[PDB]
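Here's a solo chain for you in structure tokens, the form solved without the ligand.
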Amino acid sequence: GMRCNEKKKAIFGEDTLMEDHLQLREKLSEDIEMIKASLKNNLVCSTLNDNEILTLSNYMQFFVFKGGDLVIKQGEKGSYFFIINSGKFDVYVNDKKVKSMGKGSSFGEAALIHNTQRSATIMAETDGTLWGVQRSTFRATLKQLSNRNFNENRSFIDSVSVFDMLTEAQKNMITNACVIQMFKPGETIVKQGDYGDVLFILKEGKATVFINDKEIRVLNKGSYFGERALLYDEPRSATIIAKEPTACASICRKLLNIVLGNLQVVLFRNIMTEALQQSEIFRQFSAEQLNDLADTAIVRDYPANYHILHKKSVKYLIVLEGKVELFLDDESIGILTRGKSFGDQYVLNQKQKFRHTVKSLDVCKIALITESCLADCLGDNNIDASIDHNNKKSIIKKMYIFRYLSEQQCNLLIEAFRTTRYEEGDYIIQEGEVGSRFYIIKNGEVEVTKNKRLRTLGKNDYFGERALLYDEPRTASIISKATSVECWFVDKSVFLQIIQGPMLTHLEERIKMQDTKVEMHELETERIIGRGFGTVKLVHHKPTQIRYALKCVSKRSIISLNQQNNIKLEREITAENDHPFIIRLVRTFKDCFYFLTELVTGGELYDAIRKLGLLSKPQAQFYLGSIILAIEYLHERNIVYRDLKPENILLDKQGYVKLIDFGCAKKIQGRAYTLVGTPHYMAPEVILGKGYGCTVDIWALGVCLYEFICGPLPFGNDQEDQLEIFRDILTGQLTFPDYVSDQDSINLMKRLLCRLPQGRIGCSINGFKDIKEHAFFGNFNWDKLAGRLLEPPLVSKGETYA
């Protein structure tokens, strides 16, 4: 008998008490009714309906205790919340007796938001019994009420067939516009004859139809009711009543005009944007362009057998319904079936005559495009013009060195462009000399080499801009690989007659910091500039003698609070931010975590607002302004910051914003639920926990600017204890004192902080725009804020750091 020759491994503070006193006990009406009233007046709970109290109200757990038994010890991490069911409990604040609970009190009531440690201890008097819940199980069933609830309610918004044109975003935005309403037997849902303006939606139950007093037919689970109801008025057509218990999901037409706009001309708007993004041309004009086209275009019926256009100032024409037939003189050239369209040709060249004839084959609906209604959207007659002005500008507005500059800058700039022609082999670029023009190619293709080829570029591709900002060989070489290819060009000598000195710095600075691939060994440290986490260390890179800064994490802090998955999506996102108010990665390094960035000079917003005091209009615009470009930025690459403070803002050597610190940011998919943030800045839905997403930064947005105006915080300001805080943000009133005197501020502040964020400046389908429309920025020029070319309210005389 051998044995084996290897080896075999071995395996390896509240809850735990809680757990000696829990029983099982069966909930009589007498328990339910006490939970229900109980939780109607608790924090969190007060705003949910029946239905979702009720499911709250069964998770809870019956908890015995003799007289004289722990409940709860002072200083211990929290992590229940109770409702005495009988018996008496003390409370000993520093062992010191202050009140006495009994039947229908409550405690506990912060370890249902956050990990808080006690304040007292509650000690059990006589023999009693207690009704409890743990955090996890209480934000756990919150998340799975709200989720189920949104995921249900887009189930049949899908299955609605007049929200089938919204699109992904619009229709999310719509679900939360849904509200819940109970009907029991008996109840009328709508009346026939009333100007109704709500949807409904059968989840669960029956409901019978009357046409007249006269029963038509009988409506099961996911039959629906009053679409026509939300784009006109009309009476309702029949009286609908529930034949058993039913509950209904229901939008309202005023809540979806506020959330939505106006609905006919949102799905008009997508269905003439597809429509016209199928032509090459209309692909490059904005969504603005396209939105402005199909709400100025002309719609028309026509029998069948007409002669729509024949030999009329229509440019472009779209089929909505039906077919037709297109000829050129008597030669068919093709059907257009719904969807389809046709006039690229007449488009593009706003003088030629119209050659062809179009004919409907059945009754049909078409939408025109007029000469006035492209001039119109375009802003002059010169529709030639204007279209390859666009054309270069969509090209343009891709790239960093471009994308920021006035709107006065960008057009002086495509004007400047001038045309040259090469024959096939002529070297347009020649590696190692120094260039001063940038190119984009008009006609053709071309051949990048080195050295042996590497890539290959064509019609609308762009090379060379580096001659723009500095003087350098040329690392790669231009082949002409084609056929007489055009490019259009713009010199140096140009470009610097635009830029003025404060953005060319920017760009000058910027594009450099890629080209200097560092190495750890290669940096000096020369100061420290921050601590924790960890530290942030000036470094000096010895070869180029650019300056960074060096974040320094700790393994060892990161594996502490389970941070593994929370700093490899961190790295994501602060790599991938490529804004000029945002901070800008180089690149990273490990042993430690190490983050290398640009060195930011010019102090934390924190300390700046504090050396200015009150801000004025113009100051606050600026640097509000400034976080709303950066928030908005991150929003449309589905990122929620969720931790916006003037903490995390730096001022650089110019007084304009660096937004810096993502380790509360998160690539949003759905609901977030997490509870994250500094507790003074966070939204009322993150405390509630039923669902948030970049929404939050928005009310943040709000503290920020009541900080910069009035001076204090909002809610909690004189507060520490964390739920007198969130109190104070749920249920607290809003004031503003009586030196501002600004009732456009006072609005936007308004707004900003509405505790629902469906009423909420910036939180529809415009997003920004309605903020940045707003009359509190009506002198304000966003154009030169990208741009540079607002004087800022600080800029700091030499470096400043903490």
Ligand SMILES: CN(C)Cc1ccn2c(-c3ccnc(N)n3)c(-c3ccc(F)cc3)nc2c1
The other form holds:
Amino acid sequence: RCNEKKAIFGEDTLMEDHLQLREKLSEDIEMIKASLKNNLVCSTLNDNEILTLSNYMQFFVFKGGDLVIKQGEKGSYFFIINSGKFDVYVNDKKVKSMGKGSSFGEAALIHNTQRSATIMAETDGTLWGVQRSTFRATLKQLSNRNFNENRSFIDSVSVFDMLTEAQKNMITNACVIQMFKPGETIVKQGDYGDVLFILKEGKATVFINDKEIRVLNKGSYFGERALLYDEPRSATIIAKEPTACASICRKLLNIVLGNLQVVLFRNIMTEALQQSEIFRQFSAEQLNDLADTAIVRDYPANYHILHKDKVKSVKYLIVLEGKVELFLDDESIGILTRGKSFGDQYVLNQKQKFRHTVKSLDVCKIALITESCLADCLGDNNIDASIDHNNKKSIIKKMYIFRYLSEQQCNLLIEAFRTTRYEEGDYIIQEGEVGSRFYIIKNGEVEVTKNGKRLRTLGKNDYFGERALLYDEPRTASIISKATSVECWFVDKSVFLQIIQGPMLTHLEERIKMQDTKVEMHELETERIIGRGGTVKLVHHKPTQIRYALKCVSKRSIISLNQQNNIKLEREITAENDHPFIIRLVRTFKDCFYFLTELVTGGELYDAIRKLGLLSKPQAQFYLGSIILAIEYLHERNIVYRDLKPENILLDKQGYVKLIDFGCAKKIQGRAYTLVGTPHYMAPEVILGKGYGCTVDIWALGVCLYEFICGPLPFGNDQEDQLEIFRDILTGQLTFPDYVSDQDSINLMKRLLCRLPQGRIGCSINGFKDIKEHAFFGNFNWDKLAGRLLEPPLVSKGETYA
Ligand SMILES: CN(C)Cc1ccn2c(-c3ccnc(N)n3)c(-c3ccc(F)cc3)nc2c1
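Can I have the other form now, the form solved in complex with the ligand, not the form solved without the ligand?
Full assembly next; the chain just shown is listed first.
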């Protein structure tokens, strides 16, 4: 006897009763393959993929006068008739009679939907069915196991060793699985091929001049030099048994990556250049230019590559292969091996005479960067001033205040910096005084103090006092010189105000104020309801008199839909977002959930395009360009939005966009398979269920551009049924109205609405640069957009709300 027990706690249950085991014969597999080819999502799949889906189909036995489907109840199965007959009845009235070969319940595989008509067995028959969960999981596995198999083979190949993880994953998607039956030539000797083949499963025989050299098993490959150069095949490879080979073509590689020698050399040179502290601060575009214009030469052993007289404008040297011994006059100062480099002093001092001497120890391959190579890269002959200008640029470009300014405004601010020295113990800043300067440490260390208590230390390239440029508030902490004679680059408020203009200054002024206000729930007074779904309310902060927007996500709504973990990941995405065209979060409360954000008063983008009607080229460029930068920012942070549409975009008082709904957004790490988003704006790869990445938002971008230029949606405008919207997205024809007279608009819209993500614009190694450099944006200034220097299409007269 103890004083201290706990109790324990639709369509699937109905089909479970009719289920029965049966051996999958050859005659049964043939009719499944035939009917699945007529299906909407299995048409794109190959025979090996359809053969796997045929094995997971379960056999169901029915009797004459038995209910199969119910009208209004959720749809989870898709059936293929084997024997007997099934009459379709709609609203208690007959419609059609089916037989062997036909199928029904196609929409259930893509998404959960209520059926329209009932299906009853008229005669004694049997069905071949498959569930949504089982079907979608099999597509996910076929796609995931194929990509992981292909990626493992891309790693085993030696020509792709210097490619990055992102570059390796892109060429894995370009793989095409080519099947070869016994006694079928894969490649012939003498032919000029452009394909790389790897054995996934099976055996193949080699034949140089019709003589057997060896036998190739799984893992072996051939055609590395075919992807690089136009050379003939050294042997004739023939299949001994039924082989399957993963094939990468040079034509598809040029679309995804471009010239492979250029991409590999850019990675080699970037890795070699990033070892030096000078080129560590250079941008990726600048480092690629140096690699594209570097002089690569081969030298024998014991050869003076560079001598005091025979320099020929060389400022930097990188060893690609072999070894070189560095010398100063007649004294050795080091030995550089593969990857190592030299020249930092000559790169920094353009006019300095070359005193060192480089001599090869063995046969080597050396890359050389001259002064003209550095001048064309930096875009100015004064290399010493440009490197110092880039060093300052690299520091200020990492800060929100100067990141989004135009390059002209950014260069004037960099040119306006002045250096000043501070002795030991000198107060740069004193807490309580109203400062008017922003500082960047050039050389030395400085201690941060408040009430005689050391909070932290700042060294070379660190910065402080950026708030003084936007306000006339007193300094919070004092900055004392810890080290001797510390140098500091500084810019006055007067100078900053002359460069920056009204719109951007207003955006920075009221945005940076939000981080200082300490907000608790008790002082937020509710003015009015602005949104509804889950509800958004306009709130007034009584102490600071600043107006904000407050979301109210109900806990019962999250628990009912089973979004306990997804709401936690939404908080992580929304809080980390810090971009001028994305909503800025202040603080999140809980007890139901809440999200306090900035108040966006200019109205909705949905209503803005209705007020303007069909947008023109300057108006469509502005809104799509504003969306591109917000989506590019999320793609750079490995976040996929999955729900891009004008309904989830608001306009601010200045007329600039603001992205807001991050419910469907997710931090991607590989390939996502969950079907989410709005049907009209969803991409085909989401519907097909064979994996998708950040490329889905570039499809929705094309759908937005289509609405702006043309008016209606490109796929299923009048259609309300999800199946018919999804059918128009996959099998439908993309057409354009007769009033659209611009070629560049149509060319961009067609390239953005390209079903295959490999061939879609902006889904290559270059990324959004391909969309940004398109003929549609020829006259568009991307610097002036982010810096709030363009006149927007529509400006709100006062405030607007839904
Ligand atoms: C879909 N729309 C037609 C309805 C609508 C309208 C405004 N918001 C906001 C909104 C945002 C800013 N300013 C303001 N004023 N409204 C937000 C929002 C989103 C996330 C948050 F954490 C806080 C607020 N959501 C909506 C939805």
